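Chemist: Residue strings, one per chain:
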Amino acid sequence: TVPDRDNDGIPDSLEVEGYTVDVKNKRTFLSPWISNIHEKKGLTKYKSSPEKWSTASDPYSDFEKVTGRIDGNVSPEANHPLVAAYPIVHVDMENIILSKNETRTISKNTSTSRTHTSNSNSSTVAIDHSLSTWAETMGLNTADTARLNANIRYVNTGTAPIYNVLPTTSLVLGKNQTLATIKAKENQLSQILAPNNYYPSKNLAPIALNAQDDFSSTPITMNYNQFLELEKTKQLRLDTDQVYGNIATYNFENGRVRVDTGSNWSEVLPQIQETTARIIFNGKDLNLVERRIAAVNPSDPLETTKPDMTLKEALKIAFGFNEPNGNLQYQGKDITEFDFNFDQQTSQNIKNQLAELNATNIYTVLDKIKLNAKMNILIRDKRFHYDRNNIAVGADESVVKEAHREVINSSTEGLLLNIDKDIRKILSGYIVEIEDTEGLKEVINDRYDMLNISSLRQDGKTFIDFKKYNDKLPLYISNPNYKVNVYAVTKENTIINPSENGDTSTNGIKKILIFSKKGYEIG
Amino acid sequence: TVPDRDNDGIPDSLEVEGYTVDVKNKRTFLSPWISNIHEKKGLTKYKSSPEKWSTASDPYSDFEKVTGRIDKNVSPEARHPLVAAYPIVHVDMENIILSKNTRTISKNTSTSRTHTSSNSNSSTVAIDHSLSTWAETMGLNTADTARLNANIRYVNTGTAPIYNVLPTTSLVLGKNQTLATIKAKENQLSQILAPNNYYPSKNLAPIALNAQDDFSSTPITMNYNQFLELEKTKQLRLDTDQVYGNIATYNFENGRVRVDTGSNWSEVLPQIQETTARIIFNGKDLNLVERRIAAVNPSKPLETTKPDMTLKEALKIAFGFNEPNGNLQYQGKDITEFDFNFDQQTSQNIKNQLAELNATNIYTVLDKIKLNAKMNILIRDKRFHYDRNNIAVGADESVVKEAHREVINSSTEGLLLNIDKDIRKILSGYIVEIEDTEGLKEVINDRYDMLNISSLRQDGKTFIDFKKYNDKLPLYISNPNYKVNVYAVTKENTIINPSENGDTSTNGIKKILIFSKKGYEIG
Amino acid sequence: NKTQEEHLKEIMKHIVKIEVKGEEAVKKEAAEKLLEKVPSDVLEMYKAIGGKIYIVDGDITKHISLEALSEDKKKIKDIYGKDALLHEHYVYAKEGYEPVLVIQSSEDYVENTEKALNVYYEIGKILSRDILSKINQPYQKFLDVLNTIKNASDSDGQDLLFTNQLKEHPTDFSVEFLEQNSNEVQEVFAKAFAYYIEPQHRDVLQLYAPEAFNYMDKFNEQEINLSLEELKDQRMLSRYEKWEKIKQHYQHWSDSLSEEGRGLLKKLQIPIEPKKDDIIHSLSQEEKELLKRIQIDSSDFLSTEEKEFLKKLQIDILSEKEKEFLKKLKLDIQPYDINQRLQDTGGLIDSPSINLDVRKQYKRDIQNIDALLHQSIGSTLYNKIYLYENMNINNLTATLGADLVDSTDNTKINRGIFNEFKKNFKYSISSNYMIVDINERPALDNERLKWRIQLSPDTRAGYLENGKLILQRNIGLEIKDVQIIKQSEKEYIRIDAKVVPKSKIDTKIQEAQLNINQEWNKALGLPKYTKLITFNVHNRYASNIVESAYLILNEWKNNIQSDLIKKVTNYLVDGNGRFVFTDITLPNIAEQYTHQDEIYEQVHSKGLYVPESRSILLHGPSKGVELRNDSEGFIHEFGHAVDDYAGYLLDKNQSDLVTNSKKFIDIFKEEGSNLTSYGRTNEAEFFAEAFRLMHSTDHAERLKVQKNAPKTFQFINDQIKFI
Ligand SMILES: [Ca+2]
Ligand SMILES: [Ca+2]
Ligand SMILES: [Ca+2]
Ligand SMILES: [Ca+2]
Ligand SMILES: [Zn+2]
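Protein chains in written order, with this note's numbering: chain A, 94 to 616; chain B, 8 to 530; chain C, 27 to 749.
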């Protein structure tokens, strides 16, 4: 008959030469790739390995990926046989409330983000430092003890759902001062955590640490020095392990998809991490997304039998790049707008492949660069400046000034203007000052933490408020000849403490001039 | 009808007469060795034993090792049939605090894996002695009892992963005083500890003895005599046993690798340790790296059916030595720069095999020396001195001068130069004196615990700091006629305590100058 | 269930090897594993047209036989329509008078589908361009396949098998388009052969275009062996070696011949012509005086040749009692032909429709011929045997015998009449003696039907010296395929048949008889066991006579209201009626000589009503002098049946017909002179002609009887009032 080495349901010559699934009169048909038909329909040329039951070493087979007999929550770019399906869970903290262990309490709203430094995941919470001394409000001695409380949400960014189990999360202050350990209550909640969703999702109540219902869980407490350092840095750090529980699999006799107890995630993740090539990308809305594409490991005979994966085809099958008229690009955004950061060993390998091909521009030879397994590639955006965790905290002044070109409704109540959703992220505040014709400048919010004057409106734009720190009064324009400068600051320039000299004033803060208009009918 | 005695899956004539594994049109293909075809491609000639299911007696078969059907975490030099795959785990202690059951001492310890003159993996913790009396500083009388607290990380260096069970480590002070017993928290952590990785990894929090959230851990305490001995020795010792949990196996039906409950590491380690020859080596990064190579045992009739293993081929398959142009070398480093250490039985055996061959020099006869089982060989670098633990703890004066000889900066403020990462493991600090021509020497920081002026730099080139311990002020010579002498101190000469006379001076420190200049414009 | 070490054994069966043969032995065995899938017939034909199979190494433009190719021919498009170069590609085929197959050898032909697929594409391109273009193929059959592909609902076959030029062609495919674009048809046939051979793509070619799958499957089963033998027919030495083997095998029966056997064979060849003095001296009486004064060119019972023979007999020396002497002397001048007697009787050589000792001499000579034909064909000197025959269409039918060939050019076949021919020509019964050929000889001008008989292991035959063979009597033939060929620019008909015993064919005809009886008792409301339709069929065009009965009876049903049908068929069931739809001669179905008075008073025409036994005959091949089709013949005879039933509803003890009454003879002399010439002979034929034309398919022929004979219209519509 027809040889089938791996018993996955697809013969060998189809798996080395290209196969695709066609439907004619409502019946699934598995065909050899015949290119004069199958480009007109829009079907896709799959390739896989003849001697692996799953090519990317994930729990779903080759046949069950190409035909749709798979768990329905799996993301659509994980349907390809060469892209691995595995969950990636980090923890999203929304607000924190600090209190004294018996007003004297603090309630702030935090903004967390997922990090990647220079396999395990984590997240970094940046507590908002503006208005609404922490020891003065709380009334703490040296013999004090503090109580910490917050609201968290588990978020999935991977490509596979997690059934009934949540990970075990450690809470880290500074570098390695563990304040607490968060576990999932009752150990089995009958929930689901789909890819790109939350738990509990955005229209329910968040999980509270030590909630109003239960009491017997461990109270989270600090001493005085931990509270000093937390007032210094405004920054906690979550760390999450990788216990994800059992796997949902398919059954052929009735089409049911059920949680099979004889199959676990914690014994199949260290195969995906050993036989794939990881590409991280943040061109979507400046949040880091991680994918893994199966690639050829040359020194292993069952790993050289995978298909050959150029970097162009890896970007196409992973992130939805496409080339409309030759230039490979991502929803208009061309790839000359994107960097390439490598780690050490794959930088050595890419440099040897470029020296072999006698080319020096990597952006022109992407269809010839081969990927091997165990790589690490980071593709960032050129416009912004990134800190130690590959988070956009800075920009160049050109795009920051060009974000504020398009004006809508200017007055003396404030500014309402159309601003881009990518450039809102890097900006931390605004400074607003009044300049005479003679050369005196009077900043009207003379503190480091009265800069939160912009506010988003649910139609999709932001409205700057001038009244907000001027005793809810409109802008006093005595002589409308002289003007008011209102302009911005970036997160890499923002101060998060009083100074070592105690300076609360707005001096020393770097700044980008975005706005100066006359004061009459133009503004 | 095909002869197959060992049931591993490879016929007998292939295993005695040579075989190789080739991939051709994306399909695995095992075939006999035919030299005029297979020498050109760069394939490897494998041989094995026809009557053993695994030649090195580790739980991976010969077929599963050569073809890649294995747990992918197994190191690349253990895919050969003759190299044994098994974990080697010791404990890495980062930092210690001694508290009294501020007035608590905090130091940073630097531990290392030791091998004295097979069972268990011991490591020797060296406590830092520089500036932060210990009995005064903790305020301890005679009837005290101290408390110990530290942070550890389990670290694997073997060739095979450990699933879910960490070993049980004893903590020994001095020669044989047991302080405490470190056991695994929660009895299952659901982790993986691969080859060459740390648990917890380098970007999480270490495992703390007597942790903050745990309370049921027994306090690790001392009495007064043990505390004085710990202060006068600056040393601990960690003795780790060999309970390693179960083994991950390969399922031939659907490509799945899972932890097998009916197979165990505790029943296959005492066969690896009884049928194989051990070769310990430290040329890569000066750590003791243990490997085992399968070899004949002549008085056993199922052990003389292993392949004949020379010493050249043993080095080639275990450690990645190569001969590019006839000289066997290790990434440029030649093997006339390495010494051979033996124990007594294999020393007698090698002397008989040399007296047989009428040879006197071992380094020219390495392809003629045959290994047998239960040998023990230690290969060390010639340039360094070694202590009883076989840790690199010294060198001669010439190589230190000739390694520091390419100086970048030399003035009255410090000294910056490029220093190699092998020489940075044997130096405990630097001091600078001024020697008068009538014979008066002037040591500027005349204590045993102000040596740590050197700091690792982001450039990678360390700067010898003259400022920090001279009341933060540089050196002013009165006459450039008499000389300025700076000298490193090497770890076999570094003193860790005052003497019996309470001396803190510089006499007794045997000098190795890295600096010899008359003080003036030359340096 | 399978445990895990069994999976170790299966995966080591796929992986481990023991013997490695080097390179070149595996190179050689890969090429033969490539060519093993092709049928051996096209290899043998490529051997016979002068072709060389060159399995080479390296470059294929570096071989000697492809050296003189230009720069232009080194641009090759493969199976998918994409570009290639011959120093990059691996198989090329050289066109012309000395073809060459060049294949680069490698170990990639054993597992891959692409390279083997392109090799079978080049072999199919050789088959479409070289072998089949020597017998003028592909042709109208494959054009019907192409028009079925491009007139489908779904557009996947057009994408799979056609180029861009064949897509944008707005009309359908005519044979002009096969003339001036034959290379495109060759490409399409090659691509279909390529997808059919390579066994991975067979299900794909079945799914995307099923009609090409059916064509190629039936082709590679039968037509490839038939085309190899017809290609050997074009060569002379194959013909004469077949001649040699047949002469050596049939030698001893020609050695066991006597003089009487050779005389019987030669009298079976030609008819024994009558001599004229033996005719004239036979009379000598008043009978000579009746032969001497006679209207030669007036009586319509004898043919043209027969009236000319009587004109020849006047110089060797009237619709009244002299023409009975003409009826008696019709059978007296017909030649002693065994073939005409076997052709007219249909197996009953005891039918007393001719003279007495002539019947006995017929029967004894037929028994002598059948006793001499005893030798079987089963032998070991040969494989399958292909024996031919050129035959006239008029020997099967006279309805299609005139309009088969187109009137603009007489070397075409009219396709509408060809589809009417093809529709129901399923089998054949050979009662008479098929004088068949060993090899091909070109046909006479009236014979476009080109038979090709495949024999049985039990065929009984005898040998002739002049290049012919004769088959025995009562042989069954089941038709396989009827197609239009072209030979020397003259379009023909090729027909195959396969020899079966007679019991299977008569079993089929018995089943069809029982089915038509059940259906037409169910449609008329009659007793369960009544036999109202019967078939006495024994000739070559049997299947279409069996199938055409349904159209005949439905057209008779639709042209008359149901009440007259029910009443007159009830009368016929009471009077032992039949509707004999037969293709043998009218005096030999034994419903007609069991009531007539004289042998020479027998009738042979289109339809006939036997008045005593109330039966209606019909004749298969013969066409009426008046009629346009057979359905008007059945209405024409139902006219005489209505005449008889109206003759019974005047007095139940009196005359048989209503037209023999003198109350219709006046209307026959008044309005019996405005209609067609067939009914003008006497009153009954005008009666049947009026009843035929009043119920026509189109209403204008019904309106001609309205305008020409209105009182006869009112009288006939009064004759329906007898209910
Ligand atoms: Ca497969
Ligand atoms: Ca597969
Ligand atoms: Ca074996
Ligand atoms: Ca073996
Ligand atoms: Zn007539």
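Honestly, the hints are just simulated from the structure, not real lab data. For every residue, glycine included, the Cβ atom is placed at its ideal position computed from N, Cα and C. Heads up, some of the hints might be wrong.
[Stated by the list, open to error] Quick look at which bits of chain B chain C covers, simulated, 3 or more residues with Cβ under 8 Å:
hint: 1; stretch: 14 to 23
hint: 2; stretch: 33 to 39
[Unchecked claim] Not close to chain A: a few residues of chain B, all C-beta gaps over 10 Å, as computed:
hint: 3; residue: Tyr170
hint: 4; residue: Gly262
hint: 5; residue: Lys448
hint: 6; residue: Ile451
Chemist: Each hint needs a verdict: does it hold in this structure or not?
Modeler: Results of checking the hints against the structure:
1. Interface restraint, the stretch 14 to 23 of chain B with chain C: holds (6 residues with C-beta to C-beta distance below 8 Å; minimum three).
2. Check on the stretch 33 to 39 of chain B: 6 of its residues sit with their Cβ under 8 Å from a Cβ of chain C, so the three-residue criterion for coverage holds.
3. For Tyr170(B), the shortest C-beta to C-beta distance to chain A comes to about 8 Å, within the 10 Å cut-off, and the non-interface label is violated.
4. Distance to chain A contradicts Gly262(B) as a non-interface residue, since its nearest Cβ pair spans about 4 Å, not more than 10 Å.
5. Every Cβ of chain A is farther than 10 Å from the Cβ of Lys448(B); the closest lies at roughly 42 Å, confirming the non-interface assignment.
6. Every beta carbon of chain A lies more than 10 Å from that of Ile451(B), the smallest distance being close to 32 Å; the non-interface claim holds.
Checked against the numbered hints given earlier, this structure breaks hints 3 and 4; the rest are met.
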